[PDB]
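Structure record follows, encoded as structure tokens.
A protein chain is absent from this complex, but the other protein chains hold their places.
To keep things simple, chains are lettered A, B, C, D, E, F, G, H and I as they appear, and every chain counts its residues starting from 1.
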Amino acid sequence: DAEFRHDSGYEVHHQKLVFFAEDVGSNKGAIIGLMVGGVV
Amino acid sequence: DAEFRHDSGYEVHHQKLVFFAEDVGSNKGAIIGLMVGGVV
Amino acid sequence: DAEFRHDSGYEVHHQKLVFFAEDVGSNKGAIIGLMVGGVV
Amino acid sequence: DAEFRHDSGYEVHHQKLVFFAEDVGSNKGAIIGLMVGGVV
Amino acid sequence: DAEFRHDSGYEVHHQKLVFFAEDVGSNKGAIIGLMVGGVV
Amino acid sequence: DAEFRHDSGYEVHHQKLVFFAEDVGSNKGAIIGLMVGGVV
Amino acid sequence: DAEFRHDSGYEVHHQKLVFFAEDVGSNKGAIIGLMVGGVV
Amino acid sequence: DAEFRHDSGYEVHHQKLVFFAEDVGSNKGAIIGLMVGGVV
Amino acid sequence: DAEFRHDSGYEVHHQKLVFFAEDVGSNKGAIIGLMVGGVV
Partner (left out) sequence: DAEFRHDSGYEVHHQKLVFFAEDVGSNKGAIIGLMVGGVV
């Protein structure tokens, strides 16, 4: 319901070689998965 | 409803590389999984 | 609703590499798994 | 009351590599597992 | 009032590699497991 | 032709789904690897 | 050296899922490192 | 000692899921590692 | 002493789940490590 009202939080403050999934407010009741990798 | 116009703050940072998921408020009953690997 | 009239704060930061599931408030009746590996 | 006003805390500042599941407040009737491996 | 006092602070950090699965303050009725291995 | 001759080896043969990197005869020199995950 | 266009083998298959990396008898510098995971 | 001209073949047969990695010959000055995990 | 059979041979195979990490035939000055876990 409430989400576009204000920022429930924050992430990231300037960096290199970084990735993520920013999802807040209300999650969904199901299934989720993710994978990542890097060399050197 | 679950989070009124309150404060709450979050920030992410790192050096080389970083990744993940960000979910605040109230999670639901489901399933989640993640994996990561690197070779140097 | 949990997280009654409050603020709460959290921050994450590492060097080499870091990953995880950043979630504030409280856990729920579900399942979660994570795995990571690196070669030096 | 569970938590309090102002920043509740923080996690992850500096270190080689780290991963896991972060959840404040109180844990619920669920299950969690994680594993990591590295070769020198 | 619960864990120790009102406002507080928390941060995660160490060496080599570290991982955990749980909530700060206190734990509840649940289950968790962790394993790690490496070769010198 | 050190790569044909008779039947070097064999196994199972035929499947529902498969993925990887087939490298025979010759290969590269350095470092190789990555990370992958699948559900169900 | 017996590596340039040498022999490897055969295999892989069944009726589910398979993943990995196979290279002819040619083990060079840092090679073959990573991690993988899957859930049912 | 090594595979001095004497045939060479390898085959892998699994069922549910299988993963692996390695050089079919001689492990020279290098390093290799792998990790895998699965949950019901 | 070092391989001694027609059709060379083969390696890797199982049912439920299996993992292997190591150079075939012979090995030299190197290092290898692997770890795996499952819950069910």
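Quick note on the criterion: a contact is a pair of C-beta atoms (placed from the backbone, for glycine too) under 8 Å apart; a residue touches a chain by one contact, two chains touch by 3 or more.
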Hidden partner chain, residues of subunit H it touches: 1, 8, 10-13, 24, 27
Positions on subunit I contacted by the hidden chain, ascending: 1-5, 8-40
Absent chain, residues of subunit E that touch it: 33, 35, 37-40
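One rule holds in what follows: only the chains that are shown with their structure count from here on.
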Shortest contact path, subunit E to subunit F, counted in steps: 2
Matching chain pair for B-C (criterion: over half of the contact pairs shared, by residue number), options C-E, G-I or C-D: C-D
Inter-centroid spacing, subunit I versus subunit H (mean Cα positions, whole Å): 5
Cα-centroid distance, subunit A relative to subunit E, in whole angstrom: 21
Geometric centre distance via CA averages, subunit I-subunit E, whole Å: 36
Residues of subunit C engaged with two or more neighbouring chains: 2-3, 5-40
